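Could you build the full structure based on these sequences and the hints that come with them?
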Amino acid sequence: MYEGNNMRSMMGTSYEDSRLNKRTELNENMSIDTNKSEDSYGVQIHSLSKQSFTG
Amino acid sequence: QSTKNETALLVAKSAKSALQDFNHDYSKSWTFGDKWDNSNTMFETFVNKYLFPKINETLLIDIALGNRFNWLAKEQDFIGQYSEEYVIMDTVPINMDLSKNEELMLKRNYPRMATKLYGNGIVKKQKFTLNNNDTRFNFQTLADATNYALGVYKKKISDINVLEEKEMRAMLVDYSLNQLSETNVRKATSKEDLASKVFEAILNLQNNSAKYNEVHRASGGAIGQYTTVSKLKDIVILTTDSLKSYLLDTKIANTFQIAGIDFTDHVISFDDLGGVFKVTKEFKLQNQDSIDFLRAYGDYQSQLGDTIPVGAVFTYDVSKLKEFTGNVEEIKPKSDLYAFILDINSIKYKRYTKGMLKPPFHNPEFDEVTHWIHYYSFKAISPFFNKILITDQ
Amino acid sequence: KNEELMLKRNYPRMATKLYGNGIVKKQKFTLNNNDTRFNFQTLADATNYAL
Numbered sequence: 001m002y003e004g005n006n007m008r009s010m011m012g013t014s015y016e017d018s019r020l021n022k023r024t025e026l027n028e029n030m031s032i033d034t035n036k037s038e039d040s041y042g043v044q045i046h047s048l049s050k051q052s053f054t055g
Numbered sequence: 004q005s006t007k008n009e010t011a012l013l014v015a016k017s018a019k020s021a022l023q024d025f026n027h028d029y030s031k032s033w034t035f036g037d038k039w040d041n042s043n044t045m046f047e048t049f050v051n052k053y054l055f056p057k058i059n060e061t062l063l064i065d066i067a068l069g070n071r072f073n074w075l076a077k078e079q080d081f082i083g084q085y086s087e088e089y090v091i092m093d094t095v096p097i098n099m100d101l102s103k104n105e106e107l108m109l110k111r112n113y114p115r116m117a118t119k120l121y122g123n124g125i126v127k128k129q130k131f132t133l134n135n136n137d138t139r140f141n142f143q144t145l146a147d148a149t150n151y152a153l154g155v156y157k158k159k160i161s162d163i164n165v166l167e168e169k170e171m172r173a174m175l176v177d178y179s180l181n182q183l184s185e186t187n188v189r190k191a192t193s194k195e196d197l198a199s200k201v202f203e204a205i206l207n208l209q210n211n212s213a214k215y216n217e218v219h220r221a222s223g224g225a226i227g228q229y230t231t232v233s234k235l236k237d238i239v240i241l242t243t244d245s246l247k248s249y250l251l252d253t254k255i256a257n258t259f260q261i262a263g264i265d266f267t268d269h270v271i272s273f274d275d276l277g278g279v280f281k282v283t284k285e286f287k288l289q290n291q292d293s294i295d296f297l298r299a300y301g302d303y304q305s306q307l308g309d310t311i312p313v314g315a316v317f318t319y320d321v322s323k324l325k326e327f328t329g330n331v332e333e334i335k336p337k338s339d340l341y342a343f344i345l346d347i348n349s350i351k352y353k354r355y356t357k358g359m360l361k362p363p364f365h366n367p368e369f370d371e372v373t374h375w376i377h378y379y380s381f382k383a384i385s386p387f388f389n390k391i392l393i394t395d396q
Numbered sequence: 103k104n105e106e107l108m109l110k111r112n113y114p115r116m117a118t119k120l121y122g123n124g125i126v127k128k129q130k131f132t133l134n135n136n137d138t139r140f141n142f143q144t145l146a147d148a149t150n151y152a153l
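Protein chains in written order, with the entry's author numbering: chain J, 1 to 55; chain A, 4 to 396; chain B, 103 to 153.
Hint data in this document are derived by calculation from the structure and do not stem from the laboratory.
Check before you lean on any hint, since a few could be wrong.
Claimed, not checked - Okay, the calculated beta carbon distance ranges per label pair: (1) J:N21 with B:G122: 36 to 46 Å; (2) A:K287 with B:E106: 21 to 31 Å; (3) A:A76 with B:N104: 26 to 36 Å; (4) A:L22 with J:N5: 49 to 59 Å; (5) J:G55 with B:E105: 30 to 40 Å.
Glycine included, each C-beta is placed from N, C-alpha and C at the ideal position.
Here is the structure:
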């Protein structure tokens, strides 16, 4: 409530939100597409996308 | 056995390695090289048997490692430390015995209360350190070094997810064992028995029971009863993955009317329900290899002589250390036959990750960049809801 | 703990495995133009043989 000048370099600006970023994820999905043995009644074994992890 | 091959002797002479040129305050400053042979090694080509071999690529295999919980993640705003909630206990009504004198209507009856005071969470921290001197002696291109620095950051934001996942399942298995006193355990007898006993226990959630909850260790709810039901949009059951595999290949397969009776949407599971450990007896650190083993997992800050309080966890296999046997106990089910059922909004998970990354610290006098990660997690079990364990006890 | 703990170095650990070379593989075949003509009744089936 008291103003003064709340903006100083750090810890005058840290007690507010302070740059919400990099949320801990379920962006790649778990327990839904993963942990899923609920696959369709298939027709053949067609292919599996070989991914080359490069970085 | 040994080897009289001269280039094997060259590899074995580690005195000329680059490692000796950083442990010491002075060194050689010129190199005369050496005649490198490839013959009688694992490094021959047919034509040119005198070249040092070549590496063509690296690829930096990385996996992203989710949480399986963070719809539980609500966000408080990092103020205060004590939070609590409370209920009113039941009062069964009484008959009208009019023979009693009329002035008791002046006498009072306050309602009764059971609270549960929780307290603070805990803040998790980890460091990592990008060098500019030793680490670039590898990485034949700079692009591999940039992918390296990116991938170490991505996996050090995945490990926090797998960490809080395994310690959540640690906390509620620990609550399943050391709490949840006498009624709500149910002894199964086989891997198919508790498959029936779970939806025996389902539909016991939804009768008005003064049992099935954990009021009897609240503040004022030591003596008295308290009734609560569930809704079936809210129940969460958990178990070993082998149990739900036995479910999904046996009962919903070999039966014939599974249009409505399939509770499998509320089944979360795990591979094994223990890799976690609990302190007893409040030891200290004495031996060198113990903290060296701690260095293998990121625990740098502990030294010899540092105590360990009784309420801590260790989250990986650490009990095989000679200084922990008898002091450290694994939170695990007893018999690989486990089904702990509850309702959601009985667990409280609440973290603060707003100021998560910190600014990097540059150390010029050894030329590194150090990053920290901080986040304030809190988790507990509210004891005011219906829960049933099923094991072999 | 002590406040000078922040200038301690925490290097990341990696785990490697190396791989050798592969194998180059080779096969050869030789066609003829003079006596091969003695075993066909057209030029078309000889070209079918060659393909």
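To see whether the hints hold, each was checked on the structure:
1. Taken as a hint, the range 36 to 46 Å holds for the pair J:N21 and B:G122, whose Cβ atoms sit roughly 44 Å apart.
2. For A:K287 and B:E106, the hinted distance range of 21 to 31 Å is satisfied, since their beta carbons lie about 22 Å from each other.
3. Between A:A76 and B:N104 the CB atoms are about 33 Å apart, so this pair conforms to the stated range of 26 to 36 Å.
4. Distance hint for A:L22 and J:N5: a CB-CB separation of about 53 Å, consistent with the stated range 49 to 59 Å.
5. In this structure the hint that J:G55 and B:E105 lie 30 to 40 Å apart at CB holds, the actual value being about 37 Å.
No hint from the list above goes unmet by this structure.
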